[PDB]
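Take a look at the letters that make up each chain.
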Amino acid sequence: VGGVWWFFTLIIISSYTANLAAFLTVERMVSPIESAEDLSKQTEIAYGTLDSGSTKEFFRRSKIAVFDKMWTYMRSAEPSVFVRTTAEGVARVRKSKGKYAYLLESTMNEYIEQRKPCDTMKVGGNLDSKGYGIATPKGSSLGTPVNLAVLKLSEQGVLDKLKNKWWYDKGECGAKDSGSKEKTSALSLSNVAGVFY
Amino acid sequence: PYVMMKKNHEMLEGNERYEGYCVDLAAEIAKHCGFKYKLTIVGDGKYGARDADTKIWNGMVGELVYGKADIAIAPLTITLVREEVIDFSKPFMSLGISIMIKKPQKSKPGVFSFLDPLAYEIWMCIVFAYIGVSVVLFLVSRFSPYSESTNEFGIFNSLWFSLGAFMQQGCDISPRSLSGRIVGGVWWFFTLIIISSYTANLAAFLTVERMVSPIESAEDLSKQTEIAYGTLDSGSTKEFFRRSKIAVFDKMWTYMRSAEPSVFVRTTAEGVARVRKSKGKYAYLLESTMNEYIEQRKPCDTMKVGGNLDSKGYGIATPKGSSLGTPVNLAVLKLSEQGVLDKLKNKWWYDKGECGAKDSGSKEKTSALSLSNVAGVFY
Amino acid sequence: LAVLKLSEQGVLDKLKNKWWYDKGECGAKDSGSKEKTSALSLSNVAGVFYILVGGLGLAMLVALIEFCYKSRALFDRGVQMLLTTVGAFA
Amino acid sequence: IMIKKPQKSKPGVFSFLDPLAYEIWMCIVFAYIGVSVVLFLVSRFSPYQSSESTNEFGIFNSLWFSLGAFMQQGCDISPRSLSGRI
Amino acid sequence: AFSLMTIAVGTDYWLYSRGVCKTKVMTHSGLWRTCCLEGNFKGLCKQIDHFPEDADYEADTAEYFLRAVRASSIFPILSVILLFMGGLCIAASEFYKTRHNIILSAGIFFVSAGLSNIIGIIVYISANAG
Amino acid sequence: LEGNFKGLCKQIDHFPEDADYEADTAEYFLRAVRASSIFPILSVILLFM
Ligand SMILES: NS(=O)(=O)c1cc2c(cc1Cl)N[C@H]([C@H]1C[C@H]3C=C[C@@H]1C3)NS2(=O)=O
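Protein chains in written order, with the entry's author numbering: chain G, 601 to 797; chain B, 404 to 549, 565 to 797; chain L, 748 to 820, 1002 to 1018; chain S, 502 to 549, 563 to 600; chain X, 1019 to 1042, 1056 to 1161; chain C, 1068 to 1116.
If we strip away everything but chain G, and leave its shape as in the complex, we get:
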């Protein structure tokens, strides 16, 4: 019995030693806590949408069962999810220490993330689909000539390159510049204070 219990502790404590090296050597970014479906499954994390927006109008006119739960919970947060301005919706995520998310348009979701204070991320795909369109008057003789040039812009890859300049190179620090930064420290006193406790 003492022989079998020894080889037990030879493996268990060494497996503790080897993996605790691996957490400190390769300290990756934490995996996405919230995906598209899973944030509905977090009530311990919050989520919100605009006060007066057609994106708010989407969830009230949705019959989709996961989206039904989203409209069901957004009535049940005190204070409300309904921030009247997007700059408050930008700032509410920042000061919440990660408990609050804000569901808004993917263009504004990108451009805030590519600015100072470098302090958010954009995870998951889009919930619905929409598009921005060049608006011409009905019967205006540019309108059928115009959208042929838009197809001409996209087929050369220009409309990529116009946006890829404007959101990347006119942006900054981002989240893509963070991955290579590996620094390991001495263990601080807070890290194994629980052993002392």
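Incorrect hints may appear among the rest.
Where chain L lies over chain B, by a calculated footprint (3+ residues, C-beta under 8 Å) [claimed, not checked]: (1) 532-541; (2) 597-609; (3) 640-651; (4) 745-756; (5) 764-775.
It is worth saying that the hints were derived from the structure and are not from the lab. Note that the Cβ used here is the ideal one computed from N, Cα and C, for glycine as well.
Given chain G, work out where chains B, L, S, X and C with the ligand should sit, using these hints.
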């Protein structure tokens, strides 16, 4: 999965015979517009195109050019030469060029995977040294008379002492003679190296399995060529990399030109199994919704990585100047604001699946050692 | 004048590195840049077994010469005191 | 210069001691000999007959205490005096 | 033990590995006569050799020691001899009955038969690096 | 310190009045023990008693 044959192709006629993604849309577009519709596949088997040698049109666009068809509800990509002779609505789905590869070989380790960082042919010599040492530690401490009763090292004690040294807790009875401690020293330095190399090589497994990074982008695909990547031979994708301005795609089209084997395949379905016969050593590049079809189908093994490398669309086509142009375009947008198309989408990509979507997700829940990774020690 | 026009535009260099490196049918970074693990092989730690088996031959031979020593059978304060004089001066 | 592609290695018989340099191993032995002699010199002080034979650290035992501490398997003997335990 | 020792030396299926029968395939690997089975010529054999790739023998200062010990085996062979001599000392219990050294003399060979047998397993495997 | 307004002391609000912090139950328990330093106060009690 757009329009396919129903197995009840004998008992029914035409509209009732063919089903799928576009057919549900076809009854729905004709519902919000109110026109009698009639389904007919073109027998030429051609996407709409034009040739320079004949100056003739063909296929679904061609019959719209040549007056035969009346509307085109089909997976028809919106390009410039098709805009030239017929129309489109707003595009009813968005898609792009994606990358297909089989899922990595994620299996659970065996119950004997705690024994893994030392090879199996070492553990026989570890036991044979343990048998080899403990008998010698018996002999040296007991073959000499000079009385012989004072020692405590029997054959069973010398195992129990040596088994204590290897497990590093150590037993009570220590060797006291001169040559009896020479054997006791070396087995201590034996188990100092072997156990510490076990602790280090176990750290070699858990770290490198955290170091390996899969493909999440074109840049992570560009920076490794030990896994090959190629495209279909004659399609939208192959010409797409030719005229590419961007330096990210520019290196790939040079690389896909500068590979000695055939990175070009003949068809889509052959490109599916060719990744399955490469086993994490080849990636295939095709349209994303077609790629999202395959990674929902048996054997649930392929997967789409990264995002859309471009953005194209499928659109309903009317003849240019026909009377259906605005009311179809009024109906396609009406389905999007109602959100019907999402139900029309998520139906046929999942009910034809049988595979579980979003099964992988993240790897944070397996950050520590699970039970089954070391459950064999409990066994 | 065209040669200068080529090398300024990197046309020579893209012609070169394609035709030397990319058309090369192996890689210095295709095969060297892979990371794989190995369990320890017996050839990796064969030395610790050699000292051990070598130790047990030395553990027995010391025991056997002491066996004929104590069967077939140093304390004098002066003459090793001379050996203390010899060694410490040495 | 065209040399052959380097054959990678075979790890040597004496390559278990490879992470620590040729300097540091003899400095361990020179620390091994140093600490083991000194505790013998300490334990053969403090008599208060068997007063100088009180504690059981012979010169061969003081090697065996300093060897067992290095291999992490502890032995039966343990210092009793204050300057012995330091 | 000595019977299975002499069987193990003069037998030829120490390993089943992928290797050639002959320079112009699954091997029936032996220590002296490394044979091959299930081939085109099923049943013919080959003697062991220490140099498949031809280079300097003395180069790594243990590569000289490792190669020569394996093919010219003595550690599985001194396993045989010392186990053979000790077994005759088992018969020597009756010749000079109660000498009170003889049974001690036999077991020294048997323990040394174990020490020779284990190192010969090691140099077998360590030379089979590939 | 190291400014010409040295010698001006302030009652520290350890958890501040207006800050970007929302403390967890492992830390709001901690920072209350940090702010109301009961354990140095318990040192004052247990030496004197
Ligand atoms: N989810 S999806 O890809 O089937 C999908 C795709 C698309 C939808 C709606 C859905 Cl549900 N509507 C948009 C429409 C909204 C406006 C912008 C483009 C058209 C007009 N087209 S789309 O971007 O091609």
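- Query: Among all the numbered hints in the text so far, which are the ones the structure does not match?
  - Reply: Violated hints (numbers, rising): 4, 5; every other hint is consistent with the structure.
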